[PDB]
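Shown next as structure tokens: one chain only, the form deposited in one PDB entry.
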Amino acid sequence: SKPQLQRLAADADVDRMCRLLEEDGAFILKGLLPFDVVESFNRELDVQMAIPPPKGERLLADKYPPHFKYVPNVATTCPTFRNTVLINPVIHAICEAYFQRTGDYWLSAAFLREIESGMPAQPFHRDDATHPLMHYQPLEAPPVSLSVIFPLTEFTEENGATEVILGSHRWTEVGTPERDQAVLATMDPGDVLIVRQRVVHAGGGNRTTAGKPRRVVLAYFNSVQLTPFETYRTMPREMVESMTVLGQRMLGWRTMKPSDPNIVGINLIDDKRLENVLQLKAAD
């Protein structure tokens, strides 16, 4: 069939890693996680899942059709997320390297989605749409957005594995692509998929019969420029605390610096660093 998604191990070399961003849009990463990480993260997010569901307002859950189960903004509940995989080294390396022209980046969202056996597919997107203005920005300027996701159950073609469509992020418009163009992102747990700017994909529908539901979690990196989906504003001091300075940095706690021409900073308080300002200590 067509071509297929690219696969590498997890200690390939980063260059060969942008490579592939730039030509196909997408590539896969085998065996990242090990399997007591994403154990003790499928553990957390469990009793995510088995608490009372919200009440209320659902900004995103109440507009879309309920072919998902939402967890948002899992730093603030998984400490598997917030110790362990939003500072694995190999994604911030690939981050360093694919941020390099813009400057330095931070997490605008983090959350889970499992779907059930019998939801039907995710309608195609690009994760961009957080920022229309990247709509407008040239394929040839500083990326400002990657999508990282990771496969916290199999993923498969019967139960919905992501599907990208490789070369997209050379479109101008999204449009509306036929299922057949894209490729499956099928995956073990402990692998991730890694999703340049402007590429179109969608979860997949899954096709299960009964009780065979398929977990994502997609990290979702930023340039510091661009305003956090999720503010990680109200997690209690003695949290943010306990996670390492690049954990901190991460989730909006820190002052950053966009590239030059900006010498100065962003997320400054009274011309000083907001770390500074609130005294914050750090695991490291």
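Numbering follows the first chain given and starts at 1. We call the rigid core whatever largest set of C-alpha positions still superposes within 1.5 Å between the two forms. Compared with the form deposited in another entry:
For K63, the Cα coordinates differ by 2 angstroms or more between the two forms after the core has been superposed. Relative to the superposed core, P54 undergoes a Cα shift of 2 Å or more between the two forms.
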The other form holds:
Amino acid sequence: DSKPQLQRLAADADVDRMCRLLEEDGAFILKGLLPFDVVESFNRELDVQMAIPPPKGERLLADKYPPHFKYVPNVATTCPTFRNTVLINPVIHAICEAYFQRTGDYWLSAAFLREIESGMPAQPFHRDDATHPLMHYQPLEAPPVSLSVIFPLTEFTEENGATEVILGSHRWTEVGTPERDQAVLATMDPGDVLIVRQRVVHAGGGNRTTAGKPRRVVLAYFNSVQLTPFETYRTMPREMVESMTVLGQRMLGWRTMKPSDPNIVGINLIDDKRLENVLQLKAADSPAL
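Show the same protein again, this time as the form deposited in another entry rather than the form deposited in one PDB entry.
A lone chain is what you will see next.
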């Protein structure tokens, strides 16, 4: 395409370059971060969840939509491949650690599945600043407090509606009403990852195919520990929590974390002690640390 496209990088790519891509272009792609077997076992875990008949009670998001609406909340609690493998991907966290360098500690606000079936229209262009509305008022220069991480679980094509990203649009004052051709396509294979900076204007593609195969995507939101996690993993059984690594525990809110100075004490604590100490939390990788 005539317009400059989304840079696609190998898993082992340089971190300074990814970080500078995020500030200049606002987005980039990692190629084959997740092995195909990982991707497929994740998909089967999700298949199980979606196969579950609709429950009797209230569902806060689902009840707002038609019954054909496909959605799996907080995948870490029901998809071990995500909890144990995807969530603690070292490349992802290296990016996060560079990205959140000014704001301090980050954790996982949400990780959920979205399936877009044939005949569904594109999303309107938007900035991912609705969940925590205060973000709408954050100046561009301020230390970023949220990172969008997008996992294609089916192929992302021009036809089925690969994610549309407008490069450099995070420097815009408002989203406005940009035309579709201002954006480029995040065409990907399962195992690739799209990483999108805060304030970058984007939109879901919408599935124009007619063969029945639906587009499947898991969206993960990594936020500053200043921001309340949309999904709370506090009801995870202790056995499951302790089977995770320390990084895993920190991501899911089971540990005291640290916003950058001038916060010098930290956050998410109790009795002036670390939450994991009060809980006496064990971890799969705590003898080695």
